[PDB]
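One chain follows as structure tokens, the form deposited without the ligand.
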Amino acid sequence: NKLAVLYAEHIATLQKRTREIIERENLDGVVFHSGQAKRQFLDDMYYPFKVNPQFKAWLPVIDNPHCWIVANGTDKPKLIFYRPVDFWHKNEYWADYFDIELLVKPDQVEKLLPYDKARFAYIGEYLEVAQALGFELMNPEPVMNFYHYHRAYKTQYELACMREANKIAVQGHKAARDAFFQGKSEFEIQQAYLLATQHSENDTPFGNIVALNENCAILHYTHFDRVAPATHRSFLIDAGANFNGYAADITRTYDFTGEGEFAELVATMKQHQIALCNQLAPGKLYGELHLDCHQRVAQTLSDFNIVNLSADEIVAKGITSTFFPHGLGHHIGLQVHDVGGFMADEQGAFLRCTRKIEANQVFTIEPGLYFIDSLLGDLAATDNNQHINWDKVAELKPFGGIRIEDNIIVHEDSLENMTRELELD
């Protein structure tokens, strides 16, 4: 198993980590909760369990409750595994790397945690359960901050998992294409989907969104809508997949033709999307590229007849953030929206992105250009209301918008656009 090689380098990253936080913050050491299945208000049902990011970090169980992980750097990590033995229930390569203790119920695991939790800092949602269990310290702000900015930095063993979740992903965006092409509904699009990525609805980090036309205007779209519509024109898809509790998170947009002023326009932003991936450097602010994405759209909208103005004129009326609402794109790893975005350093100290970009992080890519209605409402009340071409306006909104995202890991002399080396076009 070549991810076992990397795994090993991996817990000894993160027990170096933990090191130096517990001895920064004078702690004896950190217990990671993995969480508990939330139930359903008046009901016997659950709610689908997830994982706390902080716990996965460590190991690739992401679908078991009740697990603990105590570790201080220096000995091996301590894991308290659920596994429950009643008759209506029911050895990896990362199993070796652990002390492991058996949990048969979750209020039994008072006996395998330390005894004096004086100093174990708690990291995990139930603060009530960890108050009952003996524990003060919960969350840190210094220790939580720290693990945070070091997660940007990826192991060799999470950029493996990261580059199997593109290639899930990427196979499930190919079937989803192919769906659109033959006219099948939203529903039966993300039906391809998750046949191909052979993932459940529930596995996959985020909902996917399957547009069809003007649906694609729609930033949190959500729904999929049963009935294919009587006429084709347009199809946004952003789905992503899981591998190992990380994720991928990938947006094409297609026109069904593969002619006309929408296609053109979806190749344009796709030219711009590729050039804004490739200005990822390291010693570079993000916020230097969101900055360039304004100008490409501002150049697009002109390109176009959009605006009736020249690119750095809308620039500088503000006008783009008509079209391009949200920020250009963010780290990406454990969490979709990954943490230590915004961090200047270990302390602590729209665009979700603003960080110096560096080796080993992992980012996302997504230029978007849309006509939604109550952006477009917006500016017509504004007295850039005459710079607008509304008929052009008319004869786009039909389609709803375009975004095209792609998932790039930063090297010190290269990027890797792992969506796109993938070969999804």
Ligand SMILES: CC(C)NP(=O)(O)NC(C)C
The other form holds:
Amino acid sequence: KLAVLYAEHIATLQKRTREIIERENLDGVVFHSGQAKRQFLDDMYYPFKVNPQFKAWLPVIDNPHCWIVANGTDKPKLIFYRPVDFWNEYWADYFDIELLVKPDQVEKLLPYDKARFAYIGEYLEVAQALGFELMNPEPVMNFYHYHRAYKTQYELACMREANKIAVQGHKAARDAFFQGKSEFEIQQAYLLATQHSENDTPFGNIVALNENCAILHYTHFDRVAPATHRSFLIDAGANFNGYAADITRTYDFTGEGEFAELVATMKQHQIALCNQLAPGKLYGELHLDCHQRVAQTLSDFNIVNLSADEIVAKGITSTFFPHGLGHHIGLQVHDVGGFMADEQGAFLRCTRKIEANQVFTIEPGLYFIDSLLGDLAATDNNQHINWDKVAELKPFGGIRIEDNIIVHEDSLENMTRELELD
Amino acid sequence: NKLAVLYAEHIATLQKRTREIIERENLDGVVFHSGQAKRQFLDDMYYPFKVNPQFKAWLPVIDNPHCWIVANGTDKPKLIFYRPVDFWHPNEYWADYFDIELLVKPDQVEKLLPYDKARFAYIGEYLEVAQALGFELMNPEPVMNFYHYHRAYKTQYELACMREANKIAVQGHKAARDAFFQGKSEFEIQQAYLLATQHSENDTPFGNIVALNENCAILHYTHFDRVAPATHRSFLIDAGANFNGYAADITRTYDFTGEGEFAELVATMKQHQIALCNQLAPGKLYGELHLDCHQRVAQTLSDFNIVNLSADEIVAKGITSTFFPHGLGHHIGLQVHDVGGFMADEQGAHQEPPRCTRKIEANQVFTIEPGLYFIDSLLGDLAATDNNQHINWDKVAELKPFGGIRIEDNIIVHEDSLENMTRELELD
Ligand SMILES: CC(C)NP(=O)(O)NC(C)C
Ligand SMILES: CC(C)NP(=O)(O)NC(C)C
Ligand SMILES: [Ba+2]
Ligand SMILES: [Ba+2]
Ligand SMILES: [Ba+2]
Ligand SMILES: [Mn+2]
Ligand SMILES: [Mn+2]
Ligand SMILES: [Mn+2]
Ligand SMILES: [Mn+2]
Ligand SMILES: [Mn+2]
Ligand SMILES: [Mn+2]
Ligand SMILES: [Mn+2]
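Next up, can you give the form deposited with the ligand bound of this protein, since the form deposited without the ligand came first?
First the chain shown before, then all remaining chains and molecules of the complex.
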């Protein structure tokens, strides 16, 4: 039951609010869910995306014009938008709820003296019209983002659920790929098994076949299946109550050959890497180990004619693994706080020290990218590359294997692999 | 006939329109900004991109931010085409109608624009960006009004594009209707539709309305139930399709068993709808058809004995608006609810109502969407007035579980004939 954990979640957020509003001499904090954005010269709207700082309090992620007023001592106030034009859950009990019928009528529900209420939201003009003066003050943002990195038990439960949903999608997509479906059909299967509409996914799914696996930010879906099937890379997640999953699997169509061997080797490394998560360990250290294991893979597979250490030393591994090893995840897919050393807020996304109750992705990759390979060929590192072998693996695109892992004090919970996603 | 051939005449037409408006407004030229990607608050995700309708009026490029068209109508239009270069990430028929220049980063655009921007109209959303570039004429009304007025007269290219949008949507509607009769859920029916049209959700020109039972009475229903209802009674689906920036906008209503009072109601509305389609004609005000719809809705109410009055009495007492609360339809094209539908002249003067009021002409494209609904709120208001006595509330109660009815086609008006794109593609 989520309701039991949720009670503790509110209590934690109230505690956090109490601390920062005392420290920064405020009366309260006002969290603005957001608004509907209208398309230029049109009467159509973009899909609504809630303020992360709003939904941090409660699973209301599809409602604009909502407001939260909290001071950490009284019950948080919730202004809940609810129009009446002809066109009650467990969390409700924890707020004093006021219903709003028209957004411009919010002004009589907010504090008369807004001088010392920090407005937390996107809409600065609306805030100033209402009478707010302090908007998104850095000390306050920094403080919340720092503590967003420690997930309450409520949040962990939500994140286990989002993972479980995503893992059903990933399996359906995997099966669809082995049946030789198009990227577009694979995506439909993924949406169907997760019961997600496209604007429900926490990010735009990456569903790639063959050469497209090397396109790191690939977003399209081919409606036409490839003449031959070689490789498949799916990076997709899911939402539960505002919390995200973010999972990548890569597959060889045949299960035999050098690329299939490459994939399984990357998988052992990625599991090894996961298991190095531990309290009191700088995340950056794992990112260094990943370049080393990637160096060793390139050497072992005779993609590069050097020892693993020499590949690292000559700066060759960045050509094949050009992004960070991972990141915090939670309410945002690339979650906040991943750079902060303290509450004050003093390439690689996470450098912060690992601790209990933090949640991570571990996503080593190995790609054969056109422009990066062209750069290397121009350097003195030309002599060392096995160009014949790059040509061989090129048609398969690349590889990424990505899990979501919760760190505990004396254990790790790899959510994705504990769900038996191979 | 083929799109490539028709497009040549489309460009020539846009050039001619540009020449007249810049000459009249004393401009040097017009600049269409496709738009930009919008970042989510405190995040590094983006909203889905939506192109400036005035930009895609020129060419079928709808997924590309940071593009600019510089037109004056005499020289070939200059296209500034965004094409970034990084490891993370133009040869079709329309390309050689533009003087094209590639832009590898958005902040490098100042170079490619006119050095003196004083008499160039900026047509776009990003006012402050455009000001910083030096533009000072932001979306000038005389120019907006003028382009939006002529948007009502589709070129042959645009007509062909809209026939393809309609073709694709009709596929979706057939898959959806089949899915309905198999007792599927709203969410599974929407999936069938997206499959048949090969559209991602953000490709549809609007958010699909896929409603079962009482949900059919929620005009702006947007959710997709994951759970099939225990009893299937009714289905209403309002859904379109994009082709090259042009929209289709189709609605069908179905009864599950195809027998009974609600099923006969659908059949009756269908016949009214078809009769209203054939009322489109050059010279007629679209208002004249809107009033006929109300007459016909009043006639349905009278015949089915939902209201105990003659059709004419029902209209006089203003009762039909309880059951048909919206407009008969609207222009359609680049925008779903297309521009120019209220304008009486190029100066943007308002044709007064008795949405769309403008005098109908050849080459314009309309929706026709009569509907009849049983809406709690509106029936509640009806129960408060001195028209209480005239309503059969028992029959209303029996029909309420079916939600409502809408039937919507996209029709082209020709000088001598009408072209119902939707019924031509065999969607009954
Ligand atoms: C959310 C996902 C699609 N992006 P990522 O954080 O897994 N970055 C990858 C491209 C390395
Ligand atoms: C475009 C669609 C979603 N709505 P509509 O203009 O076809 N009809 C109205 C009455 C809902
Ligand atoms: Ba070997
Ligand atoms: Ba070997
Ligand atoms: Ba060593
Ligand atoms: Mn105080
Ligand atoms: Mn005070
Ligand atoms: Mn990912
Ligand atoms: Mn990730
Ligand atoms: Mn001609
Ligand atoms: Mn419609
Ligand atoms: Mn319509």
